[PDB]
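Q: Now for the letters of each chain:
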Amino acid sequence: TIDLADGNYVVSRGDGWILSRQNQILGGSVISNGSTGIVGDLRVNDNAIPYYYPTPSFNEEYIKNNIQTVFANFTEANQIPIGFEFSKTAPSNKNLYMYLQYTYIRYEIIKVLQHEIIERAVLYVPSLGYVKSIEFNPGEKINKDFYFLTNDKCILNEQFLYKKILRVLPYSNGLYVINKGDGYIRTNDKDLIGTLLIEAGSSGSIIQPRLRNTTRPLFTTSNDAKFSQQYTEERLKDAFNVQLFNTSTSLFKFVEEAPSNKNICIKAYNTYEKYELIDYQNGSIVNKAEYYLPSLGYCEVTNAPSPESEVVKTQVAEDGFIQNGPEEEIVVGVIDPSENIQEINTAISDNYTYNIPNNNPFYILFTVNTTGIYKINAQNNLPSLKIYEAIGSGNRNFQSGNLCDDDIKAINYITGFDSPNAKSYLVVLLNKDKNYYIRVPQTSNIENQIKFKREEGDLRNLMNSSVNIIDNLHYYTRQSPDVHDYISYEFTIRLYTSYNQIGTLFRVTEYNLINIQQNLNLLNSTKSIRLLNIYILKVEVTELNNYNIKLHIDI
Amino acid sequence: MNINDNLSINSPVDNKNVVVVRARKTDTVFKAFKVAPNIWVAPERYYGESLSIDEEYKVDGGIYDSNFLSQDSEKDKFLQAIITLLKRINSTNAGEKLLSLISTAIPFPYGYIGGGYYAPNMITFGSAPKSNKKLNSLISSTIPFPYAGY
Amino acid sequence: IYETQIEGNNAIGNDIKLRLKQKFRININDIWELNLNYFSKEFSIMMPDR
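Chains as they are written, first to last, in our numbering: chain A, 1050 to 1604; chain B, 1109 to 1258; chain C, 520 to 569.
The following block holds chain A by itself, in its conformation from the complex:
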């Protein structure tokens, strides 16, 4: 008598099923005088073999396929040993006897016809164990229900999980790896290691001891081309220096001690750490791959519900992920393996002119000889360059007056537009220890030259900012920087911005910039300046409400 439609169904009745008559077949332990007894087992071999009970229509292959498609794949998980243990202390007057029995997960392939279950096939998958204890005295009579079980029972809560059978990211163009958090579990208990029911006064523990080091990562790419499985692994190794993907030697173990008044049920799941390898281009993601690196488990502690309160036939949730860990998101830029990385082997002293040697965008690695503010303009500022800082560089191999290539590919974007037609130059504070990359975009026949120059004073005020040389003063649109970042416009009066939300206008004296105004809110401003018929306007973004920023400049 069911309330479903006609057809076949796959049902999971949950974990915590104890078989009949198989109670004391494993043995028991007797402890006394305050001694502590620990009984455990290791689900690895010959005790992780499922028990099939097939009906004529549902054979073993049908059962296995239609159960492993929707629910946890026990075939793959049976090769990895999993340990469980129960410990109990006897009273320091009496004796305690406690015995262990395996628990199972029950799966039913059923056939509903006219709201009636007319045919059933049952699979018992070996889950963790369960220990029953009693404090006894010599000659005491113990109820026969303690030793012997006549019918299969669900010690845990019943379930009938069934299924019918048929914002604005102010990034720059490039590759990013995003650590999206830890503690991801698949739906429908597809990653559940298992459940332990700890009785009052006892303690339970579930351990993955890494006896077999293999792990199963999960991959999902939006394009097999480019973002492949090996490509994503290489980018993860470039970003977070991840070395082991399908291997791990980190044991983990969850221990729960139930109180002296009630019982506890603890469920252990395998977890994952989510990595997203986006390909942010022009304000939108053009390629995205999701990598789930096997993490170190999750433990959920619960109490048994009311006895047989209500067993509700609930459908399975859609295939997905649930994050039980803390909310995290870390973005790390990665050098595109596409481009070549030229190196400047000599530390830039006070002035340098790197002569650019194909026509493809590339990287130039360099370090300065003294921490200071540098201008990195190009030949006539025709190519707009970008600058990145190598994360973690400068805390290792060091050679005075030379570039020690620490082969770091995890770059942090500093400043620079991606527009290939805008004329601009960078003004950046560079540390002596750290190493910096300069991305030159797609070049053309002009040789061009990147000019580094020590800027002491004057232009040393637009630090970590790109200044675009507007030579047509009308509005200009650029890649808006993030909050608390800087942009600048140099032009030969109404000044404001369209979408985004400080500001400062300096007059240049050929530079010797002198401030004329400050704290100018450019968000839909309507004030006037009436400057004398060359000035530089520096804007700091306080609220990134759009990918681009528009510089409305009206005479």
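These are calculated hints, taken from the structure and not from any lab test.
Note that the Cβ used here is the ideal one computed from N, Cα and C, for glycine as well.
It is possible that some hints are incorrect.
Said to hold, decoys possible - With beta-carbon atoms standing in for the labels, derived distance ranges: (1) 1386/A x 1177/B: 28 to 38 Å; (2) 1353/A x 1140/B: 48 to 58 Å; (3) 1363/A x 545/C: 50 to 60 Å; (4) 1265/A x 1160/B: 53 to 63 Å; (5) 1428/A x 1142/B: 18 to 28 Å; (6) 561/C x 1163/A: 52 to 62 Å.
To be verified - Straight-line Cα separation of at most 25 Å, DMTMM-like style, residue types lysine to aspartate or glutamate; simulated pairs: (7) 1124/B x 1125/A; (8) 1139/B x 1283/A; (9) 1239/A x 1349/A; (10) 1481/A x 1504/A; (11) 540/C x 1204/B; (12) 1599/A x 1504/A; (13) 536/C x 1204/B; (14) 536/C x 549/C; (15) 1275/A x 1204/B; (16) 540/C x 1349/A; (17) 536/C x 1095/A; (18) 1205/B x 549/C.
Guided by the hints, dock chains B and C onto chain A, whose structure is given.
A: Frame of chain A, contents of chains B and C only:
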């Protein structure tokens, strides 16, 4: 024994059924495909022999050609032919028994790094937290330290 | 060596233990008597013999 036939020379290297492995301990590497448990197929000429040999040696029955099994088309044809031959052998009972014996007759492994096969050492890991009785350092898990130590 | 030492060891996976069990279930005299004359008769394959 089921000979896996869903393989091709263009199959991606999944490190589970299609691999690239080093030839003994030389500088050569080669591509191998798993068609059965512990049975692999490498659709290319043997690395050890010199594909070009002096005419002086050239043993009788000496069809010699250095351009055989060079293109990927010939390699895929060779792999398919070997899979078909293995399926032909596996069809009957004598061939199935022979292939199962080949797949189960693993070379005898060496013992632990100290010699012997009897039993490994023991590790005590995962001490329970303290309580009213406290010092539960001994209440923990027991682990075979080298697992599959052979 | 297998029967006294390996068979009984609880710290070795079944992937090697069971394969070694079936490896030694065959007597060495069986391998010596395994020739092409058996498979030629069991497959009806004609081949040179002398």
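Q: Could you check the structure against the hints above and give me the numbers of any it violates, in ascending order?
A: Failing hints, ascending: 4, 5, 12, 15 and 16.
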